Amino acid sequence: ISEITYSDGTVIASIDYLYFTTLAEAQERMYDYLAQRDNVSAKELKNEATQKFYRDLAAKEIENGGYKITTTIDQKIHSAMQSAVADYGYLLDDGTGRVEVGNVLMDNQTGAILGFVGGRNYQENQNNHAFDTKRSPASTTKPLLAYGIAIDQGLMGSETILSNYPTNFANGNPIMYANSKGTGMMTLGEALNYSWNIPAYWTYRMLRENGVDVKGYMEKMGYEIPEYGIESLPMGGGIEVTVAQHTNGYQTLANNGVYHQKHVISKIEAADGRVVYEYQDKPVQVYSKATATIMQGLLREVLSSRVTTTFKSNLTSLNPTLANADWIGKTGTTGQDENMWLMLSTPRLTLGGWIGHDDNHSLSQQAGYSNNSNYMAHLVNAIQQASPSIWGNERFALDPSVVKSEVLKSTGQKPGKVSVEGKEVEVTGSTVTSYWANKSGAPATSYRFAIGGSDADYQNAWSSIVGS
């Protein structure tokens, strides 16, 4: 009798989302193992008939064998997450029909998956929203693919200024944020807290212009994106992900820039104890520790600001002590409200969350801001009541390698002479600490001080500043 087990070895089942997800993954491990065992090359595995046979053999091998498949799943925590979706699932329903949901709770030090929600109720709808459904991750792409990489590359600090003035995509359409064609200059923090789009667009433009290897970063974390030239990439255009994959992206940021590959299987043993597969840790430093910890600091304010999510309010009411753990995170909303995301970390754990409809019809405007935030607050609470120390009380903290520059609030760059329409001008004014992940820190102030912006934009902004 083969058995799928929780991480402590309690038996899940002899050989619902949990069963079928872990069994499908075990079948894939068994496939690789049998193929190598029989000396079938990946040249021969190119053959559909050979491949099919080996898939069948893998499945029957588990059925008939006496294998012990040890998963990473924590019984108590995964059972708490099931009861939480059962009990509080209905908080998602927002007047647009029944809302579907996926969640993945991941250990930031190992990438092990401790439990997950695959959906509202397997018995009514079997689609697995944690591992199978691929969806645009919307604005939760920004910290990873735009600002994170900019910061990593010495192209941006914590208090850098970005343009949020009006501007068009290549196709001539305006870049929108709900009904706003935009505003003016803003700090990176404000851009993150509001999730404005134009500042993200300019950041990614800057990366392209500099020929930064964005793919090198994203592929290290296991993302597959077919076109890196897409302008709205940081807003979720041209990227689709499962919740488990995307959680692994936030795991990397939470773990001080060090990726660990997600997994639900830690080991498969034959009846006699032969280890036929075992997870092998392959840690990767995807962002510098300076970058990661700078980003942790920005993402803490995302949640504490409560601009795009009610989550910290919902949590503080449910569980004030837990709300005082060091929560960081980012929300996402797709352009027609088709996908809402909330990704959450403490230094120990990352919990990813998606809601949406299976046929891609729209959620209500506030599904992500309010409903998912409340559901995920109840989820988080449930996890903690199951395993009181699991989230931890550690804080995220800036790595010793972070560089601190004193920069003008108004420019995000150092006080200096700047040439402004003819005149060289002493740019002076009140300053602020800005965090950087390069060697030298922030540049001296320049005329084009901000990330992006047209000539008109700068004339408007300099006029403004020049009122000293």
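Positions refer to the first chain, counted from 1. We call the rigid core the largest set of C-alpha positions that still match within 1.5 Å between the two forms. Compared with the form deposited in another entry:
- The residue among 440, 433, 428, 36 whose Cα moves by 2 angstroms or more between the two forms, once the core is superposed, is 36.
- When two forms of a protein are overlaid on their rigid core, residues whose CA moves 2 Å or more are considered shifted, and residue 45 is one of them between the two forms.
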Given for the second form:
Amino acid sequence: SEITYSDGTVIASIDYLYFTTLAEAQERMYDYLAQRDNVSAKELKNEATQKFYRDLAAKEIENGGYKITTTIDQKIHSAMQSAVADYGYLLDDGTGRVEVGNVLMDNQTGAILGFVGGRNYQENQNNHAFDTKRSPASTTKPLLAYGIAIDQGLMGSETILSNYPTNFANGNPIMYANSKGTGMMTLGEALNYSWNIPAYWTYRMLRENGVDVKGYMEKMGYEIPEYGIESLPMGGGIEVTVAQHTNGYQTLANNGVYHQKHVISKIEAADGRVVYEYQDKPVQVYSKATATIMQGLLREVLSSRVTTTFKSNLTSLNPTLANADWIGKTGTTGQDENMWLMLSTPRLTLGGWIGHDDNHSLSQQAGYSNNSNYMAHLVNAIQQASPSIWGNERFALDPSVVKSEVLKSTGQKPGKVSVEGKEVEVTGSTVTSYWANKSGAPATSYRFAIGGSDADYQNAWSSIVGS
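Next, give the form deposited in another entry, keeping in mind that what was shown is the form deposited in one PDB entry.
There are no partners or other molecules in what follows, just the one chain.
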């Protein structure tokens, strides 16, 4: 039995590359054998059956004469190994040795071209790309809060949300770093800064409208045991591998269309019948309008440089590659335990995590600076190895996107609002807001933003009233 690269080159006969691809090879054989023997999912639920079928899948691979075709690009995977050997030291920050996981994924197929499993398989065998699960934190926000709210037509690109101080149900303040919050802001600013309260209100709105949020997340392969959590949009109650989470940003980057992640393409018996072949099941999870609007937002998350120095780092390493159409989002857990940076061009998504195996804190700036700088170095290694793999294509608004002229101040169409009895003529600076519904944005009404108390609205309307 043999395991090969995408081109056919032998990886090995039956150091992360071996164990990862063999393991997935095995899971594939497992499904196949259980299918071959008509084991129902009840018996499959059973633990000693599980052990038996696992063992049988493994021997079937050793004893069989199987050709196992992987999706791994040798040059690219190899360059990624070198990148982490050469530049992994950039992660270490005086909190101990910082572990890393990266998965490089073709956005149009979901194939995985290469990955980084950890700083050094010899030193530490944990596989941080495929096995370790950590809260994805704020990188949850585009997928589960904002993207869904837009796809449902509850929100456009320049909609306003409350970042006024507010409490969880226990009465503790919702915090972001040191801040209890500020006031109204646009989706764009909420996203660039990664504020927490606007995300809380958004998911709260989705529950109020009874939106099938599980539907969305499950179509991307996400398994979240409990959706009834106030901090869910922030990453609370969620734990994901780098591979699975990469698959989510693949969905946004591929114009809303999911392709299931995979590292095994084909398994052929000695006589050459396919025991397993990868079967494309493209799923439209977000509308093309919603995914393309989200792309324009996530472009500016990087551009703005508020929570990541990535675009600066990359410019200094390779100004040409800095000009590809990068979009992305960062994540940071509450005690700086885990940092994420997810990056896409139209062709590829590169998911990246860092943290400690025992879950203890990183440095304040581990995500903003170190992982950003390490990931720029990695992206540049992938380029050198395979020089047009990223592409210079641009993300663009889908024709079905609807434009609205809204007031900058309310994110809604200008007109008459009643403000404590005195009805007023809301006028002023306007912007183009992008929506994914039919009618675009509504007329401005008193409760114009996502979230906010009465005290907040009093206060906010006061400022707008300074006409």
